[PDB]
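So you can see what is in the structure, the chains are spelled out below.
4 protein chains.
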Amino acid sequence: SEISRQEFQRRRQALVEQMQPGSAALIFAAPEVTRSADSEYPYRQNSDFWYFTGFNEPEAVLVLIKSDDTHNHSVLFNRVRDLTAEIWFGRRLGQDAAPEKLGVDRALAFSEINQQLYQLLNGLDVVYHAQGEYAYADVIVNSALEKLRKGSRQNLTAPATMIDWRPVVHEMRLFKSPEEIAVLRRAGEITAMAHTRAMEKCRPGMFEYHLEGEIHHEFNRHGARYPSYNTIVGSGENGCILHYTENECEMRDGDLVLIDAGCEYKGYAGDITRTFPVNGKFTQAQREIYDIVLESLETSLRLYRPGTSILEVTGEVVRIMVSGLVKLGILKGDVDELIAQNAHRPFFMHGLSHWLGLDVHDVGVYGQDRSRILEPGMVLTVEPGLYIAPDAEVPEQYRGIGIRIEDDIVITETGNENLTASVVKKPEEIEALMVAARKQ
Amino acid sequence: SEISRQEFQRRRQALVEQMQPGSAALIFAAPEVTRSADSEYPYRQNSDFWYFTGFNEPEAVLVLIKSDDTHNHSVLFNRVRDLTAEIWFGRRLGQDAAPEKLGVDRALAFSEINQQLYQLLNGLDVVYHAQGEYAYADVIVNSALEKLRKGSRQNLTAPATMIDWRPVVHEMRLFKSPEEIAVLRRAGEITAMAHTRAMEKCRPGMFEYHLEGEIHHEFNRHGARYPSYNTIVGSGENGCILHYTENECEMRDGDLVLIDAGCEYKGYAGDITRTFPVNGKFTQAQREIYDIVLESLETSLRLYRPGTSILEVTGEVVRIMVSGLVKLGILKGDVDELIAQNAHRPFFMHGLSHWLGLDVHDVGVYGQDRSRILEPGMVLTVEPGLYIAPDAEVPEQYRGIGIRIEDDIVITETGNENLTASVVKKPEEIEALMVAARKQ
Amino acid sequence: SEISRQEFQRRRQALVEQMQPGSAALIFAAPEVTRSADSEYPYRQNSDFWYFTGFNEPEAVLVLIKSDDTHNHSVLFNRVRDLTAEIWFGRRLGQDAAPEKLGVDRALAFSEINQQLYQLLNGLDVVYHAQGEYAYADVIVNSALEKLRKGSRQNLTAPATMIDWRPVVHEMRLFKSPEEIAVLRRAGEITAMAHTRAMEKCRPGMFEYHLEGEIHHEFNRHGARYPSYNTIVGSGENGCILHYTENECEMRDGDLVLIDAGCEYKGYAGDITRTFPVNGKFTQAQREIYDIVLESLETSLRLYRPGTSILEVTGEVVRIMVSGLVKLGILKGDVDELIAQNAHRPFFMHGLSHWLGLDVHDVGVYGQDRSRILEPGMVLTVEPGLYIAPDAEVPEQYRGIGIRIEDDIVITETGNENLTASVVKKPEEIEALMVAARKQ
Amino acid sequence: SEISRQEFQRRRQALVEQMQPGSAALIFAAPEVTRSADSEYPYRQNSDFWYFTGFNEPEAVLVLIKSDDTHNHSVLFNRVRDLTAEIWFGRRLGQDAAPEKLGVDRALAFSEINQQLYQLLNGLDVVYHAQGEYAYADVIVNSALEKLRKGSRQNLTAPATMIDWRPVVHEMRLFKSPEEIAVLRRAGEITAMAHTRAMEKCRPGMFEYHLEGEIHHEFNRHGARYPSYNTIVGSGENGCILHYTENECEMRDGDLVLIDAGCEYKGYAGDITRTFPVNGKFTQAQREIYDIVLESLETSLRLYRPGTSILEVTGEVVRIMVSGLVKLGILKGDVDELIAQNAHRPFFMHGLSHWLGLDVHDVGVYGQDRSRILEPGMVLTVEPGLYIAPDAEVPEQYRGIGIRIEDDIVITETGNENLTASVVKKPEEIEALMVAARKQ
Ligand SMILES: [Mn+2]
Ligand SMILES: [Mn+2]
Ligand SMILES: [Mn+2]
Ligand SMILES: [Mn+2]
Ligand SMILES: [Mn+2]
Ligand SMILES: [Mn+2]
Ligand SMILES: [Mn+2]
Ligand SMILES: [Mn+2]
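Note that the protein sequences, when read in sequence, are chains A, D, B and C.
Quick note: the first sequence, position 176, residue 176 per the deposited numbering, numbers continuous.
Quick note: the second sequence, position 196, residue 196 per the deposited numbering, numbers continuous.
Quick note: the third sequence, position 365, residue 365 per the deposited numbering, numbers continuous.
Quick note: the fourth sequence, position 407, residue 407 per the deposited numbering, numbers continuous.
Warning: the hint list may mix true and false statements.
Identical copies look the same in the list; a pair holds intra-copy or inter-copy alike.
Stated by the list, open to error - With a straight-line cut-off of 30 Å between C-alpha atoms, the simulated DSSO-like cross-links for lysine-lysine are:
#: 1; residue 1: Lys426; residue 2: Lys201
#: 2; residue 1: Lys150; residue 2: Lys426
#: 3; residue 1: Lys201; residue 2: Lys147
#: 4; residue 1: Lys266; residue 2: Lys150
#: 5; residue 1: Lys439; residue 2: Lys281
#: 6; residue 1: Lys201; residue 2: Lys439
#: 7; residue 1: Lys150; residue 2: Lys332
#: 8; residue 1: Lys327; residue 2: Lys439
#: 9; residue 1: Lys439; residue 2: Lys332
#: 10; residue 1: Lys281; residue 2: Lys327
Derived from the structure by calculation, the hints contain no laboratory data.
When you get a sec, could you build the whole thing from the sequences and use the hints?
Written out as structure tokens, the structure is:
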């Protein structure tokens, strides 16, 4: 699936539509980042810049100029074609091909931005700029504005109003188009296959990073070159640590392994979590905790629909978790009272859902306590979980169990579509999947 | 193979040995780096900081204090243990375990560095600091020195001399110890196995990124989680681009594919390049260019030894290349006359060798035109190559051919040890290898 | 004459009147400035900050908050009263007295601005800030906005719109109130008396700086402690240099001395220039150049009235100068022809007038080529001049003559009021003033 | 008196003498400073830059290059001669005249410093730079060093050692040469005459700033254009405030007036304080406090000589003050016990002496608690004082009295020379001086 040229064009026009007449919006590309000495990390374009261009080069700036409600044009600043620096540092789009390729009216050399930007801003009333996003961008913008302010003798004037476009653009990204849903649907599929593969390849004795290897290879063969975030593979006590990326321990027979991994496909992120027994067979204790988490997820998947909210659904999940924990003796007391005092937090300390899109923890206003009413087009995760520390004062057989199950969904007119249901989560289906894989 | 505790201790003492009495050396860890929004790239420790600690955490500073020719001690600044935040930011070493684990005399919370550093520098004559390496480090150091300069009323004095320790430390890293050679040897084997696998899995129709996937999976299964640089897989015309990391094209029958990839094992880098026929059979034209590059490599591998230099060996390679190109009609004229003319540069535009170590393009002084005399312990690459542009005015059949063959060697008392010879490069051996793999 | 506390309140309300509802304007005080090592220059408050407060302390910020068309209040950030430390630095207003003294609703310690500013901006739609005016101010503002942007979980929101209030405030300062005119009138008198004294004290043999001394002493005895700009005293060839502040040469008999000096009274500037013979008697050549400049000034003083412009009057002065220069043989050719090619520029290279107010070169839009139509309330200078280089290719006697005559005027309903006519400029009156000065 | 060309040359060589071979010292001029909008404060050169050049222009850098123990040369970077920018911003030395005028071997345009500095530092082992002195200078130096570090392919190398030359240079400035003593002697005379004049002009009813005016006019007529620090004129209760520069109150009959003012002559500072009765007659109470301060000063003037220290002499003064205060009933108890508990601090809270030179609070190491042994050539002030708050719990008649008497001395072979004894301080002499001023 792909984001078409028509769509990129459409997004720009949707932004211009909200801009005041006599203004310009400046969107900067992300800077290259050093990994060590003279080597850089694989380039990752700025999500907002990507959203409007699908252009994967640094040192580029998109300038949308709105003259009035019926006239507007675009100018792109990007690296010049250097049939010398390209033979040495990869191909560049250049100014000649850019107009047709990216659908912009004009393209200029990034090396000329300081001599050209102020001329584009001269006389405008408003400039839309994400101040503070990038230092190199603020230098360029401030430099241009200063030049205009001090150039009255050259008949230059600077726009006195600067508006951060992030709130507007992020509200746009919060609602996915059909094209975006198709791409996210594919990212979910690819991510699901990777998780399925991890469960099938897992064997006691293997190291956590081995499953990471399986997952990344699967992402890659489907065209999703990079993960959308650092892969987590925590078996045993490591599963109780939410930010466990070391993936250095040997997986033991009898332990559970929690895997949170997602690919980045065409810029969009997949975000799946599956927890399963390293030896392919849930013990009674593990199965008891798992069922509570699964009930939470299945219930949430049933509840999420237009009209409700993350906060509301979270309330249902808290009740389910407290009830379950009381039944097992992990929590003692009256359910409603325990809920009233959030007695669940020691075991479920993170949110149930977060937006998903060009960023795994996507942009968009959540509302106080994530109470914003859900509408069709919003994409979010559903990731309930229970983590019982090795030293928690609870029945012995539950200590050291970390479980999380996470799916990605898109809100629809009548409810929601689960984009990652293609990888099993029911305990019996997991054990059957692993058994089938093991007889080879 | 790995680096022992004794070795990290040995390196610190080797640096202290060169420091003037009454001084302190400050070595900062690398900052965490943003990939997008709130997600970060997998952490990569600063090579120099790693060299002295093998500690993989950010917000850490190693302080080596030399009182006199016989008395010196160490202080480490690192993140505090937060048994209520490590659940969200992975496990941390902390101050209690650090002394024993890292072999430092004392450990303090990084959060206290501004209240403690100046006290450590107070009264010293010299401070060794890599000014300009990291902005956050310069802020900390300058802040401490300023506090001392302005604190005469508190009996504080700042060292007036600041020395950059990079030249000294890099000269140290230039000569590998037996332990380092063992680790680099393992990195070479792992990298070789990945390249072998790539040749065995290659089939027309597969995408360039597919081989990248095979390679990274192989690195990973051997414990080398990350590549030491971005993998290059350029088939057909892409092979003529040195910095080709897009790896997006479908590999066509009849084209060659150039693969430059290396793993990062225990911090050290492998760096291998192998070029081979996508269809497992070198055409005549491809084989003719290949032989010139292979001879260049094979000869260089015989020449490299103590007493010669990269510049000297490069001279031999230039002869070999010019001769070969003249015989094929790519170059026309007298050999010696063409050499004097560097008529080879349009086809071989990069260096023959570069140091190798904690960084793929390792630190260390090369001397003018890389004329420094080689000695035992130095580790370098040997990577001759020929790239004939698709539009080069040469015999038609050679256009669009990009070939490079690269091995990693360590200079020994009597010559050199090839660390990457475990992956074939002989054209017959390559074709035979691809044959034996395709029977399955 | 002074600025009443009622006027400061009036100015604030005039700014608030133009602000959008749900916004806040931030006006920062000027930073203290180092003269050398630990000594500072006498403090000079930021003109705009002064305009709204008349408060002469650094580390102070005026915050005007407009809730709606009828509700608005003010908050002042300023240094705290350090009863046990002011014994060292200086009496400070403090928070208790500020409200009644400065007429602000509330006052807070400047040391708490980072903990309070964001709370004041939280939830507003617009923030008026002079970005780029002061580094320390931008740090404070950006820090507060960043805190709001990243505090959605604390229900904090940052105003997305930032407007530079300078254009609005400067347009306000361009039109002087009756109170301001009274103060400027006094500044003009004081400055005039100083210039009169300089002419009366001048004698050959005295140094240029001696006249500077006379002038500053006169400013001071009338309560105008500091000059509004660096005093210029250029005799002989020094008069041909516009920015001559060395005032180091001995004044020779037969030379003219040009004096440009103005006091700063209650924040407002006087700006007068008078040129006269050091020996009290104009030489024929000097008198001939002087008359052209005087005619220019006299005609301009006659012309300036509502409806015309600096550009228009300048045109008249150019004709007068070209005509005069042709008659003396300094310029050769047809008057209109010479005018058309600006043949006057080598001798008159600066503007005829500039706004005057809290800054000698006051704020306010001039319009292209200073063509803005003049209206009552505008205060400007009238300073024609002619400078004939010592090596100018003109009749020998005129070489080395630098003359400028400048007065300060305020545009009125029927014309303009000359605020500095109390110091003579008619050549006869100057010579009479000087011979009579001696008579004692 | 003035500093000769030979002395500037001498100072440079004295610095070069202490530099290691193969190094360069960089000394930057002070930046111009904004007073308001586009107007600047009168330029004040950086004391250290001035010390080696006597050059009063900004955007200039002195580079002293030491090749070996016998070879060294100098390069000056300064503004270029611009016949236009000069007619507009004053005359400039330029490159042609600089060599001869400033006694430097070569001069280059400041506008070319970034293209030239690194070439001068290339290959050196040490660079002497006052890091942190000026931001613009650190930018230039860091930029040059970075260029060298990254230019190994161009055979460039950066000096790894950076030494702060301030400690060395300030130790030099601490010992005045004969020429400097002559200039400081003249500064003292000029300052003394100004103070004498202030006493003679003082009359009840006059404002504090009026005396300031008299003082500055006196400084000026002797060629000392600017004060070395902001003039203090505190009468009545204002005298109890050490940093009282408002000088805004009307001087009352019956009050004392404390005047601390000093001129800046040829870069050197005078620093005198005299306190006297506004009405020319000391009261019972005022005279009693005055005598204690005078005794302190006279005793210190006797004591100061080579071999003692500021700390030692301070001890004597403390005894004198405590004894005196006990006799008047301001302090109650045993002298020695009171001294042991510093019961004098509430009335004498500042130091007795500070170095004096190119800066009023001159550079140079004081030693712990200012215990450094005094030697011939050191110049310091002697300024004992007593300040009794208006609300101090002491005999009512002493409340609100602020008195300080300060002279400037130079340590000699046998004792010290008082540079400011030409202005009276004995109470009888003060009253007599003021009387001989109201002559009819
Ligand atoms: Mn996840
Ligand atoms: Mn998630
Ligand atoms: Mn390579
Ligand atoms: Mn290589
Ligand atoms: Mn003027
Ligand atoms: Mn003027
Ligand atoms: Mn003083
Ligand atoms: Mn003093």
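Do the hints match the structure? See the list:
1. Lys426 x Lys201: The answer is within: 18 Å in one copy meets 30 Å, while 35 Å across copies does not.
2. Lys150 x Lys426: Neither way: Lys150 and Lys426 sit 68 Å apart in one copy and 38 Å across, limit 30 Å.
3. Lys201 x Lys147: Answer is neither: 62 Å inside a copy and 46 Å across each miss the 30 Å cutoff.
4. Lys266 x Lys150: The answer is between: 27 Å across copies meets 30 Å, while 44 Å in one copy does not.
5. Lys439 x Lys281: within (15 Å within a copy, 37 Å between copies)
6. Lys201 x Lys439: both (11 Å within a copy, 24 Å between copies)
7. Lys150 x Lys332: For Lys150 and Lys332, the Cα distance exceeds 30 Å both inside one copy (71 Å) and across copies (38 Å).
8. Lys327 x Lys439: Cα proximity of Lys327 and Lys439: none, with 37 Å in one copy and 58 Å across.
9. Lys439 x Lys332: Classified as neither; 43 Å inside a copy, 64 Å across copies.
10. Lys281 x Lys327: within (23 Å within a copy, 68 Å between copies)
The structure fails hints 2, 3, 7, 8, 9 (numbered hints given earlier, in ascending order).
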